[PDB]
Amino acid sequence: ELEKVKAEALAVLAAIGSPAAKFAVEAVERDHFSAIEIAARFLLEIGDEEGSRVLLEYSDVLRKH
Amino acid sequence: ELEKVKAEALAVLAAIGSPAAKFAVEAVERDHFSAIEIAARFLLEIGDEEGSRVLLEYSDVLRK
Amino acid sequence: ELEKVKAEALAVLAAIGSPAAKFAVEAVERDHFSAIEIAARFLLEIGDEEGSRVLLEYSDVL
Amino acid sequence: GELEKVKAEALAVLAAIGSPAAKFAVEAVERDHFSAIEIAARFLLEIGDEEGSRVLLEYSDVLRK
Amino acid sequence: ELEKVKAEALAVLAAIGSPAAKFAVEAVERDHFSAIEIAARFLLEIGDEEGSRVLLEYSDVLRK
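Listed in order, the protein sequences are those of chains A, B, C, D and E. If you count the first sequence from 1, position 22 lands on 22 in the working numbering, and the numbers rise without skipping. If you count the second sequence from 1, position 49 lands on 114 in the working numbering, and the numbers rise without skipping. If you count the third sequence from 1, position 11 lands on 140 in the working numbering, and the numbers rise without skipping. If you count the fourth sequence from 1, position 34 lands on 225 in the working numbering, and the numbers rise without skipping. If you count the fifth sequence from 1, position 28 lands on 284 in the working numbering, and the numbers rise without skipping.
Don't read these hints as lab results, they were simulated from the structure. All residues carry an ideal CB built from backbone N, CA and C; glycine is no exception. Some hints here could point you the wrong way.
To be verified - Using 25 Å as the maximum straight-line C-alpha spacing, the simulated DSS-like pairs for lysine-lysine come out as follows: (1) A:64 / A:4; (2) E:278 / E:260; (3) D:214 / E:260; (4) A:6 / B:71; (5) E:320 / D:256; (6) E:260 / A:4.
Said to hold, decoys possible - Residues from chain D that keep clear of chain C, each with C-beta distances beyond 12 Å, as calculated: (7) 195; (8) 200; (9) 212; (10) 219; (11) 227; (12) 231; (13) 233; (14) 254.
Stated by the list, open to error - Computed list of chain B residues with no C-beta within reach of chain C, every gap over 10 Å: (15) 69; (16) 79; (17) 80; (18) 81; (19) 82; (20) 83; (21) 87; (22) 90; (23) 96; (24) 97; (25) 105; (26) 109; (27) 110; (28) 121; (29) 122.
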């Protein structure tokens, strides 16, 4: 279940190529709650709606089972 | 309780229409406490008090 | 103490009149720790030192 | 002891700054508010006061220990 | 494992020499989770991506 949304998140973030997305990818790869929160807030504070949206989706999936 | 205040909260957020509000709506519809907190803090620090107020109201209704 | 410091906080925030203080006011009325913290941090980052201070007092007493 | 000494040292460094952020910092130190200490430390770091943020880090690390 | 990643993290952060890095190094040597988090978030909004990434690595090792 997780292995699909993780791939979706890493692909979407790597596509962006922004230095904020590059951090985001790492925050996804290690499943770091604090790093994921920081990356989401930064992508929101920089203008990346796609990155923030996919981070929210992957975090909502991760929070459960 | 949450299902009642949520409707007006999402209506206000869609009314805002800012790309930050669009995140906010997503944060509200998925019931993500941390995402709601981040969206509220960002909407407050950009000048949208209208969004922050309804996020605070809906979050307090979710808490209690 | 709580019944006094809450009133002092609402009084100071109503005095400030900024749109951030109102949120702060609401943050006090609903007793939301995270909202109080956010309001204090914002009032500190905008220059309202007294509002952030009284929010800190009301949070520590609570 | 360690905390009773470092509290005084921290307040001494912070009072010299006189900044409204230090004025918050002292209150964050005297009232022992972990969250306020974090906010004050990040703000002094984000404005350029390395001494205040550093001494707040020391006092937080000894207080947290 | 942790004592291994600490050296690389401290070296990378010391190389930056920025006042944020001086904080970052201090955050690592004292093993302060909150300080590491603040330093990483600040280094992201200041332009040091390598510092934020290595802080994330050391913190992920630090959690366990």
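Hint check:
1. A:64 / A:4: Status holds; Cα separation ~15 Å.
2. E:278 / E:260: Answer holds: residue 278 of chain E to residue 260 of chain E is near 20 Å, not above 25 Å.
3. D:214 / E:260: 40 Å, violated
4. A:6 / B:71: The given pair, whose Cα atoms are some 29 Å apart, is violated under the 25 Å limit.
5. E:320 / D:256: Answer holds: residue 320 of chain E to residue 256 of chain D is near 18 Å, not above 25 Å.
6. E:260 / A:4: Since the Cα atoms of residue 260 of chain E and residue 4 of chain A sit roughly 32 Å apart, the hinted pair is violated (cutoff 25 Å).
7. 195: Per Cβ check, residue 195 of chain D is outside 12 Å of chain C; nearest 20 Å; holds.
8. 200: 22 Å, holds
9. 212: 7 Å, violated
10. 219: 7 Å, violated
11. 227: For residue 227 of chain D, whose nearest Cβ neighbour in chain C is about 5 Å away, the distance does not exceed 12 Å, so it is violated.
12. 231: Check fails; 8 Å does not lie beyond 12 Å.
13. 233: 9 Å, violated
14. 254: 15 Å, holds
15. 69: Its Cβ never comes within 10 Å of chain C, the nearest being 16 Å, so this holds.
16. 79: 20 Å, holds
17. 80: 17 Å, holds
18. 81: With a cut-off of 10 Å, residue 81 of chain B remains clear of chain C, as the shortest Cβ separation is near 15 Å.
19. 82: 19 Å, holds
20. 83: Correct as stated: the minimum Cβ-Cβ distance to chain C is 16 Å, above 10 Å.
21. 87: 21 Å, holds
22. 90: Label holds. Min Cβ-Cβ 19 Å, cutoff 10 Å.
23. 96: 16 Å, holds
24. 97: 14 Å, holds
25. 105: 7 Å, violated
26. 109: 6 Å, violated
27. 110: At roughly 6 Å from the nearest Cβ of chain C, residue 110 of chain B sits no farther out than 10 Å, so the non-interface label is violated.
28. 121: Check fails; 5 Å does not lie beyond 10 Å.
29. 122: Given that some Cβ of chain C is not farther than 10 Å from that of residue 122 of chain B, nearest at about 8 Å, it is violated.
The structure shown violates the earlier hints numbered 3, 4, 6, 9, 10, 11, 12, 13, 25, 26, 27, 28, 29.
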